[PDB]
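A single chain comes next, written as structure tokens; it is the form deposited without its partner chain.
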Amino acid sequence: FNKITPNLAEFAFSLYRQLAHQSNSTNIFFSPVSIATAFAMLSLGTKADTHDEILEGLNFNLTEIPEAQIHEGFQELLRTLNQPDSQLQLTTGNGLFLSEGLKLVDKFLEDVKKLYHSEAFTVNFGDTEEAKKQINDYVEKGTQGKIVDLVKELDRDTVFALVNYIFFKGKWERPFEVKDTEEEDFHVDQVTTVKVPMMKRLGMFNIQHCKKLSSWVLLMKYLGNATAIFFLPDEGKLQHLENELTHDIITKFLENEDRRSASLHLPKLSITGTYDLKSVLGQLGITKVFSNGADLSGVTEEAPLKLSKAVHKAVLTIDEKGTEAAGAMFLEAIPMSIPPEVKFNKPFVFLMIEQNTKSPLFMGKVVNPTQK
């Protein structure tokens, strides 16, 4: 793992826990890497308390880790993510939208693009309709039509908007068969069910029951170099599971590549998290950059500037296999013994971890696959 990976994992937990505290009856899905990288990039146009709040709010202890190490960490992570031959189906973008008429520092726009692969734009925020359409149409192009009408309301006074999007439709190394998917109960609570398409495969899985977490733990690899890890808590143990997750625990799971016989039920779902990062990151202690006090002098030298709007949109599809064009053919040997049936048919927590850095690309919880 990279040197900033542990801070990223702690950030993931802090933001997840915040979101879990905010509601227990909604699906959660967000990108820790995506949000952190966007605010690491923003921090380059900041100074002092404004700057320090962002990095401390991303779980860096600035009396401990040098700022340069933080940035080459995000850099290195943005290098493995943006491989030419990635194979990982990961569309991600950062849109900086600043009012026209501000004289922008060249080096900030130079740092943004040719270090953090973000996009900077000068727009007339005088007309909300033009500015909103400019913002949504950029996200439309960037996701290739997968995210539309993202921004619902822009303020009249908005001078600076950050939009952060991510769509992920993964291809399983060891995929499910479409023919075996059938509609089944998902237990949204102890007495209520909902119908979901349930994917099913008898095979050899990295799957075990962890008594410490009171959870079943499933790891499945994606094409590209990322791993989905699913935690299915015993009854009454969801909150325990949320409380007890650590990065060292996830690391231990990824280090074991043992497989056992199992009949797995995993729902086919599409989930999205839409987050107001001003609200949400404000709760983690990032307030100055969003206020009149903000020192954004690395973005514009003479004029007062604050971050008016910051939005995260995360979209995920889980299916049998996110592409219908193959080549790699294999054979798992199932022993004669009767396999456990393990069904992810009630609320569960997940992470997608990029393999080279051990970064948490995504974290989420499914409470109701039909909750949209």
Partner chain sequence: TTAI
Contents of the next structure:
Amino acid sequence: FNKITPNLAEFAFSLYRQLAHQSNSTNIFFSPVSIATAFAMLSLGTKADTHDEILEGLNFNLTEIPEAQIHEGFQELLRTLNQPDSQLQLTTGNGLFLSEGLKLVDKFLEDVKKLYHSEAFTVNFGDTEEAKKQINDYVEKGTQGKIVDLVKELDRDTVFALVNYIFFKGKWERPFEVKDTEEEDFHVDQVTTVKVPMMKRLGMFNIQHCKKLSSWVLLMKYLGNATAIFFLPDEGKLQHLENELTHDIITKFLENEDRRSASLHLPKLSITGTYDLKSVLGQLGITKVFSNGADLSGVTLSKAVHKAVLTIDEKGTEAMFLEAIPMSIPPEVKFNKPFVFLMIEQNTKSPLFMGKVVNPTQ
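Okay, that's the form deposited without its partner chain, but what's the structure of the form solved in complex with its partner chain?
No partner chains or extra molecules come along with it, only the chain itself.
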């Protein structure tokens, strides 16, 4: 469906809203599914408030959905995410990292393997530099070399760590031509611009202006089972757009199939988001696991980090179809000022990644 997609969606927006206010001035990029998957998997060895906070903090109402059905949700999500169509690359994995002489509840062990398909590794936390090396190695491998250094610090007492990675690589169903990419202005401010390489294409797009959001809404399909949604707010309407996004509205857009002519300008870019999940998630009512009272007892971990990297370009491949373009003048739709976007997996409809581009050359 997925049973938990609505929740993941709402989590993505809560978490986004928190990142946006404040910094207010920084590119934003994160994977809502990576964060929620790691903490749903963690919650499984917690109890009492510590536990409840986590699931509530993930936008699951506990007086509403059976806790078991959540984890079956995540189990089915993960299964699905790891069966991409052959023209799409999509992988996710969870890793557990354990001290040699650490007392582990067998139940917790078998839950994460079954529900979260987790791998498990013994490491020597006695050698802090080397344990980090081994953790960051799992990620480097999962991420095909792109992330060499997720974890930069490890408290001396730690005997346990949990990692989720997701790797996505996609090709546009209807790509841009490299010949047409040219340097244009990007309006970081109402009065300030920077130069960015700007892709463009005249084509028939699933594009519309939505009054409820005061934004243009563009859906771009990848070959295989995924879509990107881009949102361009009307002048002075970014905040309104940020405040009015809901699962229901996005679901509607996904259902729309009409195409119309537009001259689309979209920046070629790379952005990265790096987050300290303590301050950020504590702002969403997940404080206990970070503190002493932490009921870490269903297992037998204070620091939490998230890093996400985006790259967008013309095709997605060094490696045909024809659109009927009407006479009428096409609207010029330029993603040349701050915008929001969402990446959605098709089968699950889950929010793989979400972000905001304030300045592509930041």
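Numbering follows the first chain given and starts at 1. If you superpose the two forms and keep the largest set of C-alpha atoms that fall within 1.5 Å, you have the rigid core.
Just one residue from the list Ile286, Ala161, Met199, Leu232 crosses the 2 Å line for C-alpha shift between the two forms on a rigid core fit, and it is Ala161. Once the cores line up, the CA of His71 ends up less than 2 angstroms apart between the two forms. Core-superposed comparison between the two forms: the Cα of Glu182 travels less than 2 Å. Once the rigid core is used as the reference frame, the Cα position of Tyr138 differs between the two forms by 2 Å or more. Its Cα shifted by 4.6 Å, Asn124 is compared between the two forms on a rigid core fit.
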